[PDB]
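So this first bit is one chain, no partners, the form deposited in one PDB entry, shown in C-alpha cells.
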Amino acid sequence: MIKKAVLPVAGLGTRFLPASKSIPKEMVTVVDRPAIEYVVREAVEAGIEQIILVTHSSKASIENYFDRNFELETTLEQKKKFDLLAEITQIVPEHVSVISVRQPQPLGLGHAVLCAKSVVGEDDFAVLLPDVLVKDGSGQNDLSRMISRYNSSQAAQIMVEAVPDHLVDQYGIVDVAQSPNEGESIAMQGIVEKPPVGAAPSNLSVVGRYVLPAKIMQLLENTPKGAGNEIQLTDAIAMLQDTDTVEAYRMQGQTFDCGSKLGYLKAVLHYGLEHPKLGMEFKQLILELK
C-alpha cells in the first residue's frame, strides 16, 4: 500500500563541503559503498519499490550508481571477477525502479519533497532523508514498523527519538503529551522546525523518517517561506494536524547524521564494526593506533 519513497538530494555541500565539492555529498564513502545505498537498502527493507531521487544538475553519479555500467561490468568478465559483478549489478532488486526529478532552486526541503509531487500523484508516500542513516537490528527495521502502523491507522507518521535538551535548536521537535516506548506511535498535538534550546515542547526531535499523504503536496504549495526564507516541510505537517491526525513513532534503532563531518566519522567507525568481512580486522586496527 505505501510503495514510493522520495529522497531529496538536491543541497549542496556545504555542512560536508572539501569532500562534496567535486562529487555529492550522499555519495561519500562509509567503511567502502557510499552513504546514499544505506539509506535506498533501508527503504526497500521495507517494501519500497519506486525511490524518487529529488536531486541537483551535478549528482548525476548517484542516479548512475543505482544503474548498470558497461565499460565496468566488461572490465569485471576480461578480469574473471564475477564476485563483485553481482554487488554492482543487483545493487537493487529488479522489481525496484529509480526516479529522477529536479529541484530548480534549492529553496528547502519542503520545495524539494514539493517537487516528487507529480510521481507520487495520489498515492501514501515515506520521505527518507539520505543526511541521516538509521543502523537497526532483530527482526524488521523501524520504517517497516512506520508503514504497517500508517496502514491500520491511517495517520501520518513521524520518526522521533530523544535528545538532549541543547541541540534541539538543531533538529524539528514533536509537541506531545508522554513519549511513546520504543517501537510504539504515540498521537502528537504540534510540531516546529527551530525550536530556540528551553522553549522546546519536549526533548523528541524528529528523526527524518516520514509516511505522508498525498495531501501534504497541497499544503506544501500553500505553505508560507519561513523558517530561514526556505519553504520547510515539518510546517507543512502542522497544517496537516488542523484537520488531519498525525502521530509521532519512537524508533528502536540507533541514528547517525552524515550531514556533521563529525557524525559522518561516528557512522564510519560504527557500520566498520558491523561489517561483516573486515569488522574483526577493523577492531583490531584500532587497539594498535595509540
Second form
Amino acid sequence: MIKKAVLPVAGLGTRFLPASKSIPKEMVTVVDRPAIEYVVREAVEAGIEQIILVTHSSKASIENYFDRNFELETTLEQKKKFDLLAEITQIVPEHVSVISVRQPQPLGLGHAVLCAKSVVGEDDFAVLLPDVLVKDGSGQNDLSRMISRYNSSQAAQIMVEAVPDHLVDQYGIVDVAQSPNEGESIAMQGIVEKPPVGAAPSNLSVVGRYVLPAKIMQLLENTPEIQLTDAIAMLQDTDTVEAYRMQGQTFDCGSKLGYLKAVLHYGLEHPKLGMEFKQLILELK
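Counterpart to the form deposited in one PDB entry, namely the form deposited in another entry:
Next up is only this chain, free of partner chains and other molecules.
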C-alpha cells in the first residue's frame, strides 16, 4: 500500500558548517558512506519503491550517489577490485527508483512536501527528514512499524520520542492525553512548536518521520511560509491522526554532537571495522 517517500533535501545546512559548505549536509560521511544512505536504506527496508528527493541546484552529488559512475566503475575493472564495484553498484534494488523535483525557494518543510504533489498523485506516502538518522535493534524498523499501523488504522502517523522535561523547548511536541508504549500509537490533537519549559502537553518530540494521505497536498495548498503541522492540524478537522512512539534511537546529523554520536554508535557496529574501531577507542586512555 505505502510505496512512495518524500525526502526533503533542498535545505542548506547552516548547523553543520563548514562540513556542508561545498557538499550537501546529506553527503557528509558517517563511518564510510554518506548519511543519506542510512535514510534511503531505512525507507527501502520498510517497503518503499519510489524515493522522491525534493532537492536544490547545489545537490547533484545526492542524485549521482544513487546513479552509476562510468569512469569510477571502469577503473575498478581496469584494476581488478570487484568487492568495491559491489559497494558502488548495488546501493538500492533494481526495482527502487530515485526521482528528483526541485524546491524553487526555501519556503519551509510544508512547501517541500507540496513540490512533490505531481509525483505522489492520489497515493498515500511517507515523509523522511534526511538529517535525522534512526537506528533499529529488531528486524522491523520504526518506519515499517509506523507504516503497518497507518495501513490497518488509516490514521496519519507522526514518529515521536520522549525528551528530558528541560529540553521540550527545543522540539515540536505532541498534544496527547497519555504517552503510548514504545512501538504503538495514541490519538493526538496537534503539535506545539518550542513550548516554554513549563507548559508542554507531553515530553514526546516530533522526530521527523511521517505517513500521510494524498489529501494533505490539498490541505498544503490552503495554509497560512507553508508549514506542515498547519496542514496536519487541518487534517484533524476530518480524520483521526495518531502519534507513533519509536522503539529505536535517533541522531540529529544536523548538530555537530549528534553527528559525532552517529559515527561512534554506527561505527562500533560496522560489519568489518566494528572490532578494529572498538580497538582504536580502547587504545585512547
